[PDB]
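A lone chain, given as structure tokens: the form deposited in one PDB entry.
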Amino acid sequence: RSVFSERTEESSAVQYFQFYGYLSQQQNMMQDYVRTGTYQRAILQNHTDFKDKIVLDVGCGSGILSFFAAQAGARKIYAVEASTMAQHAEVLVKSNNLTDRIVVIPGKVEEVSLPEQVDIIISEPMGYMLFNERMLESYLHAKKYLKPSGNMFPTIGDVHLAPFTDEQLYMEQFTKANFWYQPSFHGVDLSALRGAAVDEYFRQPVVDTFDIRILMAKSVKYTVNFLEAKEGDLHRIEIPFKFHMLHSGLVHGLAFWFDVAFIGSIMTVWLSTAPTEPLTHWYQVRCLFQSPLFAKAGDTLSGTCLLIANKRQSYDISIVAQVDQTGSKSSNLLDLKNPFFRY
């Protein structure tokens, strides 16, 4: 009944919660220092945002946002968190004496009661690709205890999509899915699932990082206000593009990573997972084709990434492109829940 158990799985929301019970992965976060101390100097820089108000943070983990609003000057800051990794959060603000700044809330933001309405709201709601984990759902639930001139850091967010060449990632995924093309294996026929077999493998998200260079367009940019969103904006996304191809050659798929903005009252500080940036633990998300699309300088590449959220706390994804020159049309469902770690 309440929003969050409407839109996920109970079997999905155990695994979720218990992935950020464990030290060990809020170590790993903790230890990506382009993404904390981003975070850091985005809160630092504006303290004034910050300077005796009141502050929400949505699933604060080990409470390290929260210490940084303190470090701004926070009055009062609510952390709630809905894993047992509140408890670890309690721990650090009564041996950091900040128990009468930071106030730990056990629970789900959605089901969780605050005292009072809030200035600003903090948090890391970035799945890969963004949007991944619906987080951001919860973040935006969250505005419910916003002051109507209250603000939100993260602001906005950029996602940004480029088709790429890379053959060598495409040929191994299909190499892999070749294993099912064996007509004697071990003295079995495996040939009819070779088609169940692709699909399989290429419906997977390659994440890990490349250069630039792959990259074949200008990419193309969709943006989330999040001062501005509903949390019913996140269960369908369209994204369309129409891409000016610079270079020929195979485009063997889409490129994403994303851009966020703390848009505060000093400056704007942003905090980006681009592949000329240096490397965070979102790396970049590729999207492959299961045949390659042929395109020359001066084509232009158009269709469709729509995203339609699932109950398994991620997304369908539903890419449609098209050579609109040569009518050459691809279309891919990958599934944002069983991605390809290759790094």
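Whichever C-alpha set is largest while still superposing within 1.5 Å between the two forms counts as the rigid core. Positions refer to the first chain, counted from 1. First, how it differs from the form deposited in another entry.
- Rigid-core fit between the two forms: of 169, 92, 193, 162, the one residue whose Cα shifts 2 angstroms or more is 193.
- With the core superposed, residue 71 shows a C-alpha displacement below 2 Å between the two forms.
- Residue 180 shows a C-alpha shift of 2 Å or greater between the two forms [criterion: core-superposed Cα displacement of 2 Å].
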Second form
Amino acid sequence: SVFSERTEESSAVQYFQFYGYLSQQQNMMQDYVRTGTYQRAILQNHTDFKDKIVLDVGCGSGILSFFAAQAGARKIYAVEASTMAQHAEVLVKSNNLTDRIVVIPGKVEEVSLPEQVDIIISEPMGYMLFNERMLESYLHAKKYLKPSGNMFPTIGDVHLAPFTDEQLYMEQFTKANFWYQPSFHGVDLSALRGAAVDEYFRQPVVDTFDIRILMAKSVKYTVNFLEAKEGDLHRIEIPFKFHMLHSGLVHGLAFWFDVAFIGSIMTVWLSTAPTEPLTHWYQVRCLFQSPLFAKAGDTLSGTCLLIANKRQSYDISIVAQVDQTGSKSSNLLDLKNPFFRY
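Show the other one: the form deposited in another entry, since we just had the form deposited in one PDB entry.
Here we give the lone chain, stripped of any partners or molecules.
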């Protein structure tokens, strides 16, 4: 299948094992911004659901399918590949909805659906939007979507902005300097210090921060889920030209995302921005190896290149320069192995 071809088995096993835990479902469900917004998006756009056929991609415990049911869906196919599928079945029976919600265990790339659907619902967003590569499963599911069918969410906006955080930058060196000692219990560890620094710099930092560290208005990269193909997410090139609002050292780029549910009655937004209440997605920061000095009114230009890998994540390549001085910085980061700093 399409899933198996783009995914290493060792990664898939661990991934679905993780999503098998009720504790993880509870964690997601307790995020009121997440759960409450999905409910509002679905219920306030009830005419998009009333007597319609629905597909729920990666349904977990089934919450979104129950929201679809509350909004009057005739039939809902809830697909889930983890062992959570069996717990969803239990809930469907206990809530007397066996006639309306049909749980289908398996990958959405592998299962068969009996009929085409009017609307697809899912929560395919990982850290930095793209992590987990579930957006591709969501897009793959459009083979089951009728012409003029809708998708919830309809679009996703990834936001990038440059930040200054001297303490975050310096912390990498302080940690690595453990190895810069000539007699640790009689052993000279200094030769490994450079390797430790490299290791810490490969890790994107998952944490939140005060918005006062942001040095320019964000640049937005939009994926329209109605129009996009799976293929569009294998190589994601995000050019940026930031107009600097403050002078100082730029230590890296900060990432967050919004999604929009574009219904017939209204558009509802779910934001993970640092200006908004914290979600279980937090925000993500990728450091530069060396900070770039910019003055207010300079432009900081470059590219963020995300290359999909077989571990259900991305290799991140960031190149940036201050156009006025020609000072340049790169970094290469492994999105699969983030540092949780919070």
